[PDB]
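> What follows is each chain in one-letter form.
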Amino acid sequence: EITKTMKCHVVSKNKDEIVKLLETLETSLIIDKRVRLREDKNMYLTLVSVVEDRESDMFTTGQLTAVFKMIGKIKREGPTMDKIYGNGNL
Amino acid sequence: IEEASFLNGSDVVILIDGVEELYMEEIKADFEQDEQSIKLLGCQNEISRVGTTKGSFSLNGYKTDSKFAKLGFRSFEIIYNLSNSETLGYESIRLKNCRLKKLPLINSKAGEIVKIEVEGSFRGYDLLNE
Amino acid sequence: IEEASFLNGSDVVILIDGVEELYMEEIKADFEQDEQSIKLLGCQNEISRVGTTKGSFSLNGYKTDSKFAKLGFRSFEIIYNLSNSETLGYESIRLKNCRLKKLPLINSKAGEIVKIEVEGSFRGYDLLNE
Amino acid sequence: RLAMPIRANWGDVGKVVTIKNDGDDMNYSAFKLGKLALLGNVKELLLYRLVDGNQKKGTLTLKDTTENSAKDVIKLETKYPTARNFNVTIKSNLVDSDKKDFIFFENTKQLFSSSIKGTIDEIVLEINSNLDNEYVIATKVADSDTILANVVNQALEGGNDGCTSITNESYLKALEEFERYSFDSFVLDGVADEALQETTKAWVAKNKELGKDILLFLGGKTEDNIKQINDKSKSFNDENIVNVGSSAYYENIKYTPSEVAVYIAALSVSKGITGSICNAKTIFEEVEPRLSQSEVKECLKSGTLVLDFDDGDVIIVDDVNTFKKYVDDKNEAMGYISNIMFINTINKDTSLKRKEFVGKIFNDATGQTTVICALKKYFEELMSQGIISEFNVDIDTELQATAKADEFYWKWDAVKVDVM
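Protein chains in written order, with the working numbering: chain E, 4 to 93; chain R, 691 to 820; chain S, 691 to 820; chain W, 567 to 986.
In short, the hints are calculated from the structure, not lab data.
All C-beta atoms in this analysis are idealised placements derived from N, C-alpha and C, irrespective of residue type, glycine included.
There's no promise every hint is true.
Stated by the list, open to error - Computed spacing ranges between beta-carbons, pair by pair:
1) E:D56 with R:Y780: 50 to 58 Å
2) R:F696 with S:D755: 35 to 43 Å
3) E:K36 with R:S727: 43 to 51 Å
4) R:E716 with E:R39: 27 to 35 Å
5) E:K72 with S:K805: 55 to 63 Å
6) S:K791 with E:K36: 45 to 53 Å
7) S:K718 with R:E781: 32 to 40 Å
8) S:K718 with E:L50: 29 to 37 Å
9) R:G732 with W:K847: 32 to 40 Å
Only chain E is shown next, with the shape it has when bound in the complex:
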């Protein structure tokens, strides 16, 4: 399990534009609860919690905080039993 706390900034000259952009970004993240990691569609980041702290600095900190997680399987392409032979006694 790989969990990342990813914070997002939204800079703009017009503060109400910042509010609108953050609102639509949060709504998109919630409604589309996961994000295609790559265009192969194999993997997917699944949202855990999206939080906005509007007071936080526009540049140093960033407003929106989002926690994403993703599960991966340990690849193991070991050898195969192509040939299975046995013998007998008494």
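Starting from the known structure of chain E, fit chains R, S and W onto it as the hints suggest.
Just chains R, S and W now, kept in the frame of chain E:
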């Protein structure tokens, strides 16, 4: 590290009696058996058999209407679509002849949201998809 | 994103025996039924039937008078108006022939508020509204 | 399932065919040695015909008479090739001119007689479908509803005998045909010629290298003394090869040891895993030369399967095989036919198991545990059946030490019930 996926529990879509249910947040259902343990002379380990099956289910959610109180103890079907998003293989289960054990007429606390809890028993199930 | 609504439990108005009760904090009421599970002689899944019903209820709240202790085990009605305010469709339920299971004479800790707890049983209900 | 290269004038040439619980003459191995296979209660018998290279099918062509000019409309040929005098007669019916009596003969005895009203297809259908015509197939030449010309006793000619000549390649063709399929046993059809026996030995060794451990059963010639019988039985030292020692009588024919090996095969196959022919009575009325205790012991020591008149009936003395001239590492139970058949059946079921795990499983500890647990389950089921008293199945660390990535080796070792 090839991809894997957990089925998030917010993909559930519960259809109670042919009308989709929006406010349920937790659903449980099991198909109990009776063990029927038997001792045999000259065989120390017990033996089990299937016995007769018996379904049971439970639901929790927010109260949005008096659907369940109006339902009474009538028989009704439940369908449960657990969709998967990484791959589209939704697991669909149908519960046959569900019947409420008790009508949750009133369950309300002053400070909290009015939640509804339901549990009953279903005669059988049909695993529609997987 | 179209509107939904949760019924906050502070919208409840409880009328005990025709006089409004205004110090209650939570109310619970269910309509139990004996399942009467039957194991048929050839079929391998249990069957249930409605059996006989039996109501049960319970309330908690702040003590403001000796209403319940003076009520005794007399039969009395309970109304329950769960108003919704986003849309005005209040859900109203009546309980018929409620009877206290135990008369809560005294329940009081030194450093806390004196709350009253009640539990009992009601023969039937009338879903006045929804 | 028993293999049979019948040296017979009757039988299908160049193909293996099965026969249910249902040739006839004694000159033909289809009944002289087919009966030895049949009488042992085998579930199913699969047969092949040995014939000289120069042999084909006798035929007979027939022509119409309704038109003033006769034209071919019906042809007749034997069901399987031969030079036998399968005569046929076609006379006019007494009542209806359009009808004609189709009379068939084996040599001179009336095999079949019936009447049809002249239709070519229906005449062919009557000659084919009806049971008396197992010896013959009728075929059409032309599509014309007309009556044949009258004939009598027409010998189907243009073939040769199945017993024309027993030659080495003639024998070996049957084994080459048996290669494609698997059988419980093979018996060589009683030819005591040593070259055929040695060719069969090499062929069976090749099939064993393919995992096809078919049971070979053999015997010496009547002229072999106990000395020569033992020499020829010791010449073979393979677990799937058995050399019957003595001649045997059932009805009229002195059967060479190789010939009675047919019925020994029938008993071995029909018995199953549970039954053994270690002391089983046999249908044969007499056996010779008689063997004392010393002769019996010397023969069994030489891998010879001994039959003697030790009681009111002929009794097989033991279940030995050619391997009974054994070696130290492999016990005497390895030299018994029932135990070897049981081992080959185990190897077959394990062939099924290995192809059930065809490399989709990884060659790690987990796959090893899965496979060995499947084998443990199978042998435990056999134990519950009572066939096995005790078994141990484990990894073949000798081969698995040097086994490459793609190959995996295991072993088994099980004990079975004894019968004195």
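> Next, verify each hint and record whether it holds.
Consistency of the hints with the structure:
1. At roughly 37 Å, the beta carbons of E:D56 and R:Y780 sit outside the given window of 50 to 58 Å.
2. Under the hint 35 to 43 Å, the C-beta atoms of R:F696 and S:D755, about 54 Å apart, miss the expected range.
3. Range check, E:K36 to R:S727: Cβ separation about 46 Å, and the 43 to 51 Å hint holds.
4. Judged by the Cβ atoms, the range 27 to 35 Å given for R:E716 and E:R39 holds: they are separated by roughly 29 Å.
5. Roughly 43 Å separates the CB atoms of E:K72 and S:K805, a value that falls outside the hinted 55 to 63 Å.
6. The given range of 45 to 53 Å is respected by S:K791 and E:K36, whose C-beta atoms sit roughly 47 Å from each other.
7. Checked against the hint of 32 to 40 Å, the C-beta distance between S:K718 and R:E781 comes to roughly 34 Å, which is consistent with it.
8. Checked against the hint of 29 to 37 Å, the pair S:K718 and E:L50 passes, with Cβ atoms roughly 36 Å apart.
9. For the pair R:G732 and W:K847, the supplied restraint of 32 to 40 Å holds, since their beta-carbon distance comes to about 38 Å.
When held up to the earlier numbered hints, the structure conflicts with 1, 2 and 5 and fits the remainder.
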